[PDB]
Every structure is written in structure tokens, then in C-alpha cells.
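As C-alpha cells, one chain now follows by itself in the form deposited in one PDB entry.
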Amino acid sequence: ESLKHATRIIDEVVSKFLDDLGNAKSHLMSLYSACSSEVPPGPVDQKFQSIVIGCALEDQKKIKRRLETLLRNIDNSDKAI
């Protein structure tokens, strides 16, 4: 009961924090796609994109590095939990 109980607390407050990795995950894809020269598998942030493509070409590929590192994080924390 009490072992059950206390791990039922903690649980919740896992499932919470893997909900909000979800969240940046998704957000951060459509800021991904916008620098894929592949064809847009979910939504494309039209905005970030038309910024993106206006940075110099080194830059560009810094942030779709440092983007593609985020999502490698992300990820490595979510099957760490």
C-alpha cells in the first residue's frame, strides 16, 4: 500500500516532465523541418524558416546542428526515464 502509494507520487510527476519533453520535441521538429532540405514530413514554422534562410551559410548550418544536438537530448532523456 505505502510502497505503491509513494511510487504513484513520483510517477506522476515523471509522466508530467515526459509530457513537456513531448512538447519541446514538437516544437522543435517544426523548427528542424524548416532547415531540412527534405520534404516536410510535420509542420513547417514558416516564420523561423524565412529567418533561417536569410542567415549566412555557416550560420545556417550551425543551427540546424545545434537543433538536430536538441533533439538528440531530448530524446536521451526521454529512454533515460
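In this text, rigid core is short for the largest set of C-alphas that superpose within 1.5 Å between two forms. Numbering follows the first chain given and starts at 1. First, how it differs from the form deposited in another entry.
- When both forms sit on the same rigid core, the CA shifts between these two forms reach 2 angstroms or more only at 12 out of 20, 59, 68, 12.
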Second form
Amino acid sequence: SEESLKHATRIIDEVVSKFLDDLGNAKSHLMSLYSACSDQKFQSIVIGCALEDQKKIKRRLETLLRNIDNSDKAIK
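Starting from the form deposited in one PDB entry, produce the coordinates for the form deposited in another entry.
This part shows the chain on its own.
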């Protein structure tokens, strides 16, 4: 029993840690795109956009980062 507990916990801990890793990549991927405004192929696409649309893009990235921060926060 004592050993089984730690085993089941390990199996669950892996699924969660993996999810948190994926949550971490999307977050850094989102940050790299953001700094590409405020990563390399995105930056080059951003300049071809009109300033108004560059404002929207940045804003969207900001909002997304807040959203994914709440996603991380959801995992207690």
C-alpha cells in the first residue's frame, strides 16, 4: 500500500508536470512574439502590418499572456 501510493502519485505527477511544461512553452513562445513587437519570422511579418493592426496584435498577445497566466494559476 505505502509503495502503491507513491507510485500512483508519480504517475499523476508526471501528467501534471508535462502539462505545466507545455504551458511553459506556449508562454515563452507568446513572449518571444510579444518582444518581436514591443520571433524572427514573426517580427518580419509584424512590420508589414499597419500600426493600428500592430497595436491590436500586441494587445492580443498581452491578453493571451494574462489568459495563460490564469491557466497556470488554475492548477493548484
